Amino acid sequence: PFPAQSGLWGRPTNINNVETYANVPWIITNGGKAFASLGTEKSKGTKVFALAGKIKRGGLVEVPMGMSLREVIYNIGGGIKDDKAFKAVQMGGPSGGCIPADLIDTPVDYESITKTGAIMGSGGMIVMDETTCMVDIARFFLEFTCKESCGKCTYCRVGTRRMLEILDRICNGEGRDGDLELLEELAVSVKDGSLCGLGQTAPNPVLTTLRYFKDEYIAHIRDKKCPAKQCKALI
Amino acid sequence: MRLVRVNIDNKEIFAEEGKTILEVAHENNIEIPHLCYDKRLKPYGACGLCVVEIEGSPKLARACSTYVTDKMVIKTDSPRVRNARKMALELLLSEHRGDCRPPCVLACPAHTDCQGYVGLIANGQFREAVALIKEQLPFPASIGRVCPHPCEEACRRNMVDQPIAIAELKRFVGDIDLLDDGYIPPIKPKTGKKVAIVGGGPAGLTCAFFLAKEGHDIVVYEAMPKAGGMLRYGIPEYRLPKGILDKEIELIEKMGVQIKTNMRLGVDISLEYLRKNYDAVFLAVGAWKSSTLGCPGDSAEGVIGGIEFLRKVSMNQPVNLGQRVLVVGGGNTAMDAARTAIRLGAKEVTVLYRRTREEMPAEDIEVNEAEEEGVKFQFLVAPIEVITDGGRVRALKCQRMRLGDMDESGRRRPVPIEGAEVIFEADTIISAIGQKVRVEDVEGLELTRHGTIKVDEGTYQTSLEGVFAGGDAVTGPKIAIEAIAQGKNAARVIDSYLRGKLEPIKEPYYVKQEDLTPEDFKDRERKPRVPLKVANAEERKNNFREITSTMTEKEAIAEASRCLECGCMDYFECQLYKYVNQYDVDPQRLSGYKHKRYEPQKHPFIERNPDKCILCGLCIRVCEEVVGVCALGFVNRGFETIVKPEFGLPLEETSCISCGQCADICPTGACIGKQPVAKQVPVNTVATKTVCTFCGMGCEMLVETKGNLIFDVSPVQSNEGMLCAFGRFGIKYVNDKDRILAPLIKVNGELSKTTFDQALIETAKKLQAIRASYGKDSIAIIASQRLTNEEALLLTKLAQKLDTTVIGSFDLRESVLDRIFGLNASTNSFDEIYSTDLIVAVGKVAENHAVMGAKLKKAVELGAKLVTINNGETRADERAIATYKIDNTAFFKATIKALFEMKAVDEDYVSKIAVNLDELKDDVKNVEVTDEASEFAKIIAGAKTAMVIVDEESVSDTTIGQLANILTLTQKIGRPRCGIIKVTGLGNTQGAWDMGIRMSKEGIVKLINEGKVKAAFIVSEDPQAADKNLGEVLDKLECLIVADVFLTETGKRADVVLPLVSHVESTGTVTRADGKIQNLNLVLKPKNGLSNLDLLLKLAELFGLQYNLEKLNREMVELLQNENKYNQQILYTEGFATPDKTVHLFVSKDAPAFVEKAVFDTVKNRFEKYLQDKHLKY
Amino acid sequence: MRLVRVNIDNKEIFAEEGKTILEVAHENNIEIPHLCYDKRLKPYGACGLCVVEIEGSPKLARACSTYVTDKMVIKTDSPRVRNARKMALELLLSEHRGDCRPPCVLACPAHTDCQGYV
Amino acid sequence: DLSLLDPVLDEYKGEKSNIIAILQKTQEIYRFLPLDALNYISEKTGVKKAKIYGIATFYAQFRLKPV
Ligand SMILES: Cc1cc2nc3c(=O)[nH]c(=O)nc-3n(C[C@H](O)[C@H](O)[C@H](O)COP(=O)(O)OP(=O)(O)OC[C@H]3O[C@@H](n4cnc5c(N)ncnc54)[C@H](O)[C@@H]3O)c2cc1C
Ligand SMILES: Cc1cc2nc3c(=O)[nH]c(=O)nc-3n(C[C@H](O)[C@H](O)[C@H](O)COP(=O)(O)O)c2cc1C
Ligand code: SF4
Ligand code: SF4
Ligand code: SF4
Ligand code: SF4
Ligand code: SF4
Ligand code: SF4
Ligand code: SF4
Ligand code: SF4
Ligand code: FES
Ligand code: FES
Ligand SMILES: [Zn+2]
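Note that the protein sequences, when read in sequence, are chains B, A, D and C. Just so we're aligned, residue 293 is where the first sequence starts under the deposited numbering, counting upward by one. Just so we're aligned, residue 1 is where the second sequence starts under the deposited numbering, counting upward by one. Just so we're aligned, residue 1 is where the third sequence starts under the deposited numbering, counting upward by one. Just so we're aligned, residue 22 is where the fourth sequence starts under the deposited numbering, counting upward by one.
Isolated chain B (complex conformation):
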């Protein structure tokens, strides 16, 4: 039952973001053709991002769709602070994913970002260097999402908590065997079973950190240490 057909008090409502409403008058005054000439074939126009983290120059950037992430990180963001190696970008926010260093050339686009697991989300790209540890980052955003759940459906209300304790056990080194398979199964079951988008995008960090940084988790749980040396319990 959609808001366009039944929204506020049962009457049709159109709920849109601020950015699309801001893009509308430009579309009207310059015509649709001018707007459609910017961006890829799937995504037209420009998108706003909030560069932060270990980037040299944070803030708001309005980039055409399809501009490579490497260009945004280096050319616009000014590179990594203190000229350290660039590990991953936490794109989308607490419900986004960690796009790794080798996928730095995936163009900015809904389809191209989503094909890497992450989501466009709140356009908040958190640039991170090789110092940062992936388990803590995944546990950091999952904690926020678990705190921000509303608690209606079982998969998001209690599944996110089980994932958070699993991640905490992994980071503390006190994790039992079978933690990686159980965590992955829990994440894919929460993602495919939750009702709203806060649960379907809740395990996006974990999943992404299990697609590109599985070795980080494996060294965390087996060797009882982290290569990034950021977990306080392991330093």
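These are calculated hints, taken from the structure and not from any lab test. Among the clues, some could well be false.
Said to hold, decoys possible - The calculated EDC-like cross-link candidates involving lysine to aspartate or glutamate, where the alpha carbons are at most 16 Å apart (straight line), are: (1) A:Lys-19 - D:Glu-16; (2) A:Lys-19 - D:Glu-55; (3) B:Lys-439 - A:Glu-640; (4) A:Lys-944 - D:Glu-55; (5) A:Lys-766 - A:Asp-803; (6) C:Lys-72 - A:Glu-17; (7) C:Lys-37 - A:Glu-878; (8) B:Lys-348 - B:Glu-363; (9) A:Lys-71 - A:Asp-161; (10) D:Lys-19 - A:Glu-17.
Said to hold, decoys possible - Label pairs and their computed distance ranges (CB to CB): (11) B:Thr-305 - A:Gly-45: 42 to 52 Å; (12) C:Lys-65 - D:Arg-2: 50 to 60 Å; (13) D:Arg-2 - C:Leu-23: 39 to 49 Å; (14) B:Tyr-402 - A:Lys-59: 34 to 44 Å; (15) C:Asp-57 - B:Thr-305: 55 to 65 Å; (16) C:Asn-60 - B:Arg-362: 54 to 64 Å; (17) B:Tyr-402 - C:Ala-81: 26 to 36 Å; (18) B:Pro-317 - C:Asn-60: 26 to 36 Å; (19) A:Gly-45 - D:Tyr-44: 19 to 29 Å; (20) A:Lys-59 - B:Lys-334: 20 to 30 Å; (21) B:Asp-394 - A:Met-1: 54 to 64 Å; (22) A:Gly-45 - B:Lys-439: 33 to 43 Å.
For each residue, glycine too, the CB sits at the ideal point set by N, CA and C.
Given the coordinates of chain B, assemble chains A, D and C with the ligands onto it according to the supplied hints.
Chains A, D and C with the ligands in isolation, oriented as in the chain B frame:
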């Protein structure tokens, strides 16, 4: 409409459009799990159990929300769906803090419902407790006498004071059952299958018991002269008397089991014969070959096996003892042999065990008792030689041993000590070091290395096809309840095999609490355990009389009342437990932080437990959408969400009306309704449909009982499936122990018990004396309005027999509708509320009748318009278009004048159908029309169809007459969807009025005050308690006869008090507020054996009235037909019931619009007083 | 789908949408005469026996063709309906050449089924 | 005190869809949401008390303890 073609689980269905997948699967016998779905509420989507895989869609679709379309292929059991549901159930369990079955049940090898029958004992239901035992244990008394009771080692009351005497209680109820005729469970129809059981021991007899229940033909071949096994030829008489065993075996034989004794396998009968003439064979031969001493000289005369010696003793065969007896062993056999030898005249008996006291397999109590009797013990001593002189044993040489290292058991291994040897002088040596399966009996079978029969675990099947085994023959010597459990499991497996599909035993998964500690019970009251009566050692060491004696009934109830009720009360109706059993859920992997937020409450009806809440929201949605009170709500957000009442207040301090819908809709026992019994116990009840009698809405309900006690009440899913506080919770008076069951008559100025015949004779003679001395019309009959139609008609007949026209009720109000329309009845039915255009709810319609409030809420949601006329606030004012707060009937006169002024009355038709119109116009010609009256008249005139709902018990008759006038003027009477509906105060007010009880309280009181009425026959009313001013009026009666359920304050001043039974103990017919005739079924048999109709029929036969239920029903039907009221949904369709066949418009003077009156019905008044004392609403 | 509220012969019914009055009356134990109605065929309207009086409509409505709507009051035995059905039956009988019972049965005072047992 | 909420309840009257604004104003005034103030809001505006407590405890900005 269009028929959509769908395919669910490879089965083509032609469903209707606009239906959800859940409804289609329900109506086509396809099971889809659901926890947060109710038909009366909009979809929620929380639990995510109803996910089904739809072809063409990538995501699993919820069956509770998705609507079936054309060409839909739905798979409700695909592996993706199963994995999704299993993960959801595991996630729900990860936050669940409950106990599906108490530790006592889990510790019992037979898994007997220990909590169930303990709680049934605490309620006085001994036969139900025995029946519950016999569902898993065919020998309550025998096993209760002889059992190490591991259940008491796991009893949670160990954490407070002392474990519950479960074995003693079971022995007590078994003795009670055996004292009278025993209990035989129902037997299924004969299946024509023959099963051969070899052995008459606990395992074989248990298999026979649980296979004869399935309808098979059972024959038990027993080698010994009498069945019983080691329960007879083992355990001695002072521990298990053989009369009890004989009685239990006779009970088993009463089920159709043919026990052929003296038949031995391999000697008298052959295994091939059994395999040929029988479908299945179950071998329960047991371990009947005592182990030899294993030392040189063990074959010398004077050395006898333990079980052989005990069999000789039990059979009264001559055995050769002496002054000196040695016993080698440490089990039950050794201790029994030692104590038997002590009682058989041996001067000294010494038991030699190779281990120490702590590692004795025998119970500590048995060893201590034997020490009291005079048995000596030598530990860490093992035999090595038998010193025999002339072929007879003179002594035995033992080698002292010491605890050296660990062993297979893991505790401690005894090893011999070199140079340590002791000679023990003994005329007799009894080797009781254990028993082994007799190889001769088990010929032609594959044997385990231990010597026992080898069977497939979980199926109890031997190497030979169709031959099963169990008991001591398979597991070796164990306790008797293990053999009984093996027999029961083998019986179930054998029944499955006979049906064709052999299925191994599957153990269910239970949710259990393992974090419990004694600090959780620091607040529980400490109660001493039941004392054990044990015979004196000196007097008992000489005879074979039983040592311990059975508890008394008082002690049994006091012991069973010590139970902590550890198991979940919702076990037999929990759906989460069913679903986690249906799926291979592994909860340990996802186990983590779990809330502990349950705090005890003082609400007498509803108990809420946050630890078992799956947050489906059903309670909130049903309190907000159906009931309309909105007393519950979500609190916090996320993992910390909790369902709480208004501001987290106790349920009594909120606006909750104690309807119990939240308890009835909860799936997982978090919200429950407390049972109306002495001790709470989770039992499998039986539900019977009956009709509530506490007001005229006539809500049907399912009363769930177990024995002669009512255990719960559930609403019927007819319309909104709702019950108010009365119907749901005031059924507690049925179990009330203050009910009188025998009549009382005045002897020496005090009421004392008598027989029914004498009491009814006294009643008849007193009434006849009053009639003779004071003439006709001198006896008043004040009958309650909760009686059936037949009882009211019989009371009218009796009043005619007594020549008295004073037939009335104190609950009856002055009638106005029969002087206007002709009949005092509701014109229309409850089914036209939904389809009417305007509803005028007058009085406390929603407050007094919560079900009617829900009906009005649903009708307004469907499109109706509600106008509430009252004096104070009403719950219906939220959705009312117009609300009027009035205190006088001048409002209705002004409304009539406003209707006349705006020409909203068609004077031609009204004058055609209603006499008395010009005088009504003259009466309303002078009143002043107010703004509210004008608005009300505009609303009424603009409505095509109108229904006036009047709370008869809170609205004065002047208001009813004025509303009837208003309906008649606007022509809203005698047509479909238009009319007036009176919600009567009691269950059968309409039926009582139709039968002839039509005298109000005021008339009867006036007649008494004048002195015209000198005697009263009050049937289930409480004039003294309800009204204080009536206390003087009742002082004017020469004779008072009371027929009441309880000894009320008005029954204590009577001359004869006759007991009545509840409405669940009396069958008959009642009449709803709209005139619908409903049936009162018999949920329970009458407690005193006499129904209300039976008592009144006896009293009437004393007057020469020959009647019964069928004759009275026929007369009632004829009476209803003569008034054109029988099975008529709308009244006055053809013409009104006045003799003129016209409406006599109500013309009168102004008066208060609403009145407040008491309740004179005994049970309703008592429950209202209870609710007021507890500060509850309704 | 929606549940329609109708009233047939002073009895409130909660029927389903897209149903004819004939189906609703059949499933609610209300007898409506019909001669040219079959469930597998489209409505015909020839015999005119299933006419019912619907409140708000001036003409009698065929129950085999009219669809139940919300707030429908149907009278299937009103004198107008009875007269219409009686006239239709008389018209049908006027062109009928048959013998319901043979003269042998009618001549017997006990009306024994002479043709039957013969 | 309860008169401090009198203007707020007067401004946001006539509609029971402005309960969150009233709760925020009460949170600003009293620095917390006392059960007596929530009771006063429930009585004055006509929204059910359970709804008030649910909307109050839903957000982390609303605290029910004195500061
Ligand atoms: C001395 C003693 C004391 C005990 N005390 C206790 C106690 O206090 N508490 C407790 O819980 N348990 C006690 N037990 C254990 C209990 O008695 C047995 O474990 C239980 O009876 C096992 O029963 P069963 O059916 O496996 O075999 P049994 O009862 O040992 O024998 C079953 C039947 O098989 C029959 N049978 C054998 N061979 C054949 C054949 N070839 N053909 C036909 N029928 C045959 C026998 O006649 C016998 O009737 C005691 C046992 C003994 C020996
Ligand atoms: C947890 C969660 C938070 C969201 N937050 C926002 C938000 O802050 N702004 C927004 O425009 N959409 C947000 N959305 C998405 C909205 O549900 C919805 O898709 C959006 O209003 C659509 O706007 P659009 O048509 O302009 O894309 C959020 C979704 C979820 C699941
Ligand atoms: S997934 Fe969405 S709807 Fe479900 S509990 Fe989380 S926030 Fe609430
Ligand atoms: S609520 Fe259900 S699942 Fe939970 S303990 Fe009780 S019976 Fe078991
Ligand atoms: S049979 Fe034994 S273990 Fe089972 S409940 Fe009775 S005493 Fe306890
Ligand atoms: S207290 Fe009652 S329910 Fe709990 S373990 Fe003991 S007998 Fe069983
Ligand atoms: S019992 Fe009280 S809280 Fe439960 S549904 Fe009824 S009114 Fe609401
Ligand atoms: S308490 Fe309410 S929300 Fe919790 S399980 Fe029961 S019905 Fe559902
Ligand atoms: S509304 Fe009346 S009939 Fe229904 S449950 Fe309550 S008292 Fe009984
Ligand atoms: S003659 Fe035959 S067809 Fe004609 S009405 Fe009689 S039975 Fe029917
Ligand atoms: S999601 Fe449909 S029943 Fe719960
Ligand atoms: S059945 Fe003949 S007209 Fe309808
Ligand atoms: Zn680390």
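Against the structure, the hints:
1. A:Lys-19 - D:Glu-16: holds, 12 Å
2. A:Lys-19 - D:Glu-55: violated, 31 Å
3. B:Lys-439 - A:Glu-640: holds, 9 Å
4. A:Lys-944 - D:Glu-55: The given pair, whose Cα atoms are some 12 Å apart, holds under the 16 Å limit.
5. A:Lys-766 - A:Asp-803: holds, 14 Å
6. C:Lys-72 - A:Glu-17: Distance of about 36 Å is beyond 16 Å: violated.
7. C:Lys-37 - A:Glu-878: The given pair, whose Cα atoms are some 12 Å apart, holds under the 16 Å limit.
8. B:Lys-348 - B:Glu-363: holds, 13 Å
9. A:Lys-71 - A:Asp-161: violated, 66 Å
10. D:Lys-19 - A:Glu-17: Holds, at about 13 Å.
11. B:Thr-305 - A:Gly-45: 42 to 52 Å: The hinted range 42 to 52 Å is violated for B:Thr-305 and A:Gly-45, with Cβ atoms some 21 Å apart.
12. C:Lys-65 - D:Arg-2: 50 to 60 Å: violated, 39 Å
13. D:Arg-2 - C:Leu-23: 39 to 49 Å: Given about 47 Å between the Cβ atoms, the range holds.
14. B:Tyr-402 - A:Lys-59: 34 to 44 Å: Once the Cβ atoms are compared, 19 Å apart, the range 34 to 44 Å for A:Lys-59 and B:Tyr-402 is violated.
15. C:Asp-57 - B:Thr-305: 55 to 65 Å: violated, 37 Å
16. C:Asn-60 - B:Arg-362: 54 to 64 Å: holds, 59 Å
17. B:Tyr-402 - C:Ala-81: 26 to 36 Å: Holds, since B:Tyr-402 and C:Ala-81 (Cβ atoms, about 31 Å apart) stay within the stated range.
18. B:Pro-317 - C:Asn-60: 26 to 36 Å: violated, 48 Å
19. A:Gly-45 - D:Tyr-44: 19 to 29 Å: Because 47 Å falls outside the window, the suggested range is violated.
20. A:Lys-59 - B:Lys-334: 20 to 30 Å: holds, 22 Å
21. B:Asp-394 - A:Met-1: 54 to 64 Å: holds, 58 Å
22. A:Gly-45 - B:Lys-439: 33 to 43 Å: violated, 22 Å
The structure is inconsistent with the numbered hints 2, 6, 9, 11, 12, 14, 15, 18, 19, 22, although it conforms to all the rest.
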